[PDB]
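The lines below spell out each chain.
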Amino acid sequence: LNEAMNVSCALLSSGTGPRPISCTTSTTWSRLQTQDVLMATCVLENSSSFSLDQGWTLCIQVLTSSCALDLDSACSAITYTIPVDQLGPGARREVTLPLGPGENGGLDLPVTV
Amino acid sequence: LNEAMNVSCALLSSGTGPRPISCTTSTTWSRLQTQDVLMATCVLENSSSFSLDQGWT
Numbered sequence: 001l002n003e004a005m006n007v008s009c010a011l012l013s014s015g016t017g018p019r020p021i022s023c024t025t026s027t028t029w030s031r032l033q034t035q036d037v038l039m040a041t042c043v044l045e046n047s048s049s050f051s052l053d054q055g056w057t058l059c060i061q062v063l064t065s066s067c068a069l070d071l072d073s074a075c076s077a078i079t080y081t082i083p084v085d086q087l088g089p090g091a092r093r094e095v096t097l098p099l100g101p102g103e104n105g106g107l108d109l110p111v112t113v
Numbered sequence: 114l115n116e117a118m119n120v121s122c123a124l125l126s127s128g129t130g131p132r133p134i135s136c137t138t139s140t141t142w143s144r145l146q147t148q149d150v151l152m153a154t155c156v157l158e159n160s161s162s163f164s165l166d167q168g169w170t
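These protein sequence lines map, in sequence, to chains A and B.
Heads up: the first sequence begins at 1 in the working numbering, then just goes up one per residue.
Heads up: the second sequence begins at 114 in the working numbering, then just goes up one per residue.
Derived by calculation from the structure, the hints in this document are not laboratory data.
Hints are supplied without guarantee of correctness; some may be wrong.
What the hints assert, rightly or not - Estimated spans, in silico, between C-beta atoms of each pair: (1) A:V37 - B:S164: 51 to 57 Å; (2) A:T28 - B:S164: 33 to 39 Å; (3) A:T34 - B:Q146: 47 to 53 Å; (4) B:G128 - A:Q35: 34 to 40 Å; (5) A:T28 - B:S127: 40 to 46 Å; (6) B:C122 - A:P101: 37 to 43 Å; (7) A:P98 - B:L124: 36 to 42 Å.
Where is the CB? At the ideal position from N, CA and C, for every residue including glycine.
This is chain A alone, in the form it adopts within the complex:
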């Protein structure tokens, strides 16, 4: 818990550029069967010493085009979770989760992860 307290103070306070923990998200184009699909590498980095012990998890959420359409959409959003296990200093792990065309180039674009 003390490691968690130090980490939480690090993230929330110190209103500077470099935080100890970060998650940079890129986009990429990869080929599956014949299609091209978009991918999001979300790369989590631990630049500090605090070493996220256990009972930390990583909750990515991928929100489509944002508006209050009357009927609803079949998938308002998607969520993925991953338990982070050790993640000591300087380490990093990487998660490719797609955004790709929904069934007929079906990709409205602002899309926020």
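Keeping the supplied structure of chain A fixed, place chain B upon it in accordance with the hints.
Coordinates of chain B only, in the frame set by chain A:
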């Protein structure tokens, strides 16, 4: 049909180089969510003049 028979004869023939229609495969490791996957790209190439019009698969 004539174009088909010509492609067929070229493909069945021996020339010491697979000219008319070739298909290479090549392995590439990719990434899906957490686990690395092994994919095979199969590139089909037409070198010769013969057009594979509708009817081939």
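Here is what the structure says about each hint:
Remark: the range hint 51 to 57 Å for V37 (chain A) to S164 (chain B) is contradicted by a beta-carbon distance near 30 Å. At roughly 34 Å, the beta carbons of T28 (chain A) and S164 (chain B) sit within the given window of 33 to 39 Å. In this structure, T34 (chain A) and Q146 (chain B) break the distance hint of 47 to 53 Å, their C-beta atoms being roughly 21 Å apart. Remark: the range hint 34 to 40 Å for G128 (chain B) to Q35 (chain A) is upheld by a beta-carbon distance near 35 Å.
Between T28 (chain A) and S127 (chain B) the C-beta distance comes to about 43 Å, which sits within the given range of 40 to 46 Å. The given range of 37 to 43 Å is respected by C122 (chain B) and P101 (chain A), whose C-beta atoms sit roughly 41 Å from each other. For the pair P98 (chain A) and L124 (chain B), the beta carbons lie near 38 Å from each other, so the given range of 36 to 42 Å is met.
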